[PDB]
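Just the one chain here, laid out as structure tokens, in the form deposited without its partner chain.
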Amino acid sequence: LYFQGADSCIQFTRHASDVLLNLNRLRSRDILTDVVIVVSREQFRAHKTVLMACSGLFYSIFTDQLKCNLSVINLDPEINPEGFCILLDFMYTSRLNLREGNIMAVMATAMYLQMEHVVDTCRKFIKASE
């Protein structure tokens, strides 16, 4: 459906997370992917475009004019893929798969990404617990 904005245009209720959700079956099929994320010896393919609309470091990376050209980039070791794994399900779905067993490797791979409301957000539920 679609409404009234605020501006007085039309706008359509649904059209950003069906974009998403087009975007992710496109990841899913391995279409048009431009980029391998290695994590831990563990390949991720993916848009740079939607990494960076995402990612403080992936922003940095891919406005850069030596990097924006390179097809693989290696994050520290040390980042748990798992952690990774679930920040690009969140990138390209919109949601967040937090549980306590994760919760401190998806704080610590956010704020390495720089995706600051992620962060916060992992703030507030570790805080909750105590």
The other form holds:
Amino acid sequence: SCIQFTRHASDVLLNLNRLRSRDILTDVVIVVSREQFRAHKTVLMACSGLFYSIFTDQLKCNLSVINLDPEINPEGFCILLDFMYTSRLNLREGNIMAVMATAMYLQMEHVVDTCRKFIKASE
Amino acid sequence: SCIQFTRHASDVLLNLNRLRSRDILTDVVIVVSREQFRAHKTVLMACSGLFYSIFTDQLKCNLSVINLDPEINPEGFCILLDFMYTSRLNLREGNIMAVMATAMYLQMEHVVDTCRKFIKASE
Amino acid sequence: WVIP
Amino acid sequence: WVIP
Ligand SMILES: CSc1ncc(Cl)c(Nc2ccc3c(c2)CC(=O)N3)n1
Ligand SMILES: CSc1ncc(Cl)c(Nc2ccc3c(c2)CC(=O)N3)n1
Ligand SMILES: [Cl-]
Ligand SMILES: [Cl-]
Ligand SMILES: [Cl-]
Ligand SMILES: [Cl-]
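Same protein, different condition: the form deposited without its partner chain was shown, now please give the form deposited with its partner chain bound.
Whole complex next, starting from this chain.
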């Protein structure tokens, strides 16, 4: 018999992004080819199968720095981190291959799906 | 020129609630008349003007335990904590006064608004 | 607010 | 996915 507030999830995500932009309560640095990205472990876990596996590990859950595979493109990661905190994906002809490869590595199934669809349309 | 994934914010909140239910990466205990509630500081801040003010304070941001005012009803808090993580509010004739009072104290404006409206309809 |  |  609950009532539901339609905009609540979007408002929560908007506030989490405001905290990220002001570097409030960020608890991890993600290192991508020497580029550094500060974030909240819980948000990373909520969006990515890879971060979910990492931060549920009894040793890695306590790390303040995570280094990604050197093949990962920092721009592709940045676009995906922005998507995690906003639901908005900056998908462009020039970045789609790097974004799809990064989403496959991060295990972000819905992003992989739209990249596959956009690539298929261009062939 | 971004594309947007409609269900992303809801999916993020659903995963944050899954972490809460399994007590994963919870970093604070909220004490309400001896009842204890584990949660994520970022989610509490994203939903409540009171928690936002508390955890942006340079001393309180580091506390692992927060004690609420003794007038706060634990059931009212529990219903609001559930709403924070799900967008669903269990509003009932028997709890509406405690829920509204707790939402006013927590500074959850949209919850206060619907409680005021539901009370006005019954008079 | 809605009935979910 | 939509055009926001
Ligand atoms: C599976 S239960 C669960 N519980 C809590 C969290 Cl934080 C979580 N996250 C997560 C797991 C897998 C995947 C994603 C997020 C995005 C994606 O495409 N795959 N999962
Ligand atoms: C105001 S900027 C901002 N930036 C980040 C966060 Cl985490 C935040 N939360 C917050 C503040 C006030 C209120 C709520 C959340 C719910 C409500 O009714 N009032 N606010
Ligand atoms: Cl470390
Ligand atoms: Cl995704
Ligand atoms: Cl403490
Ligand atoms: Cl609210």
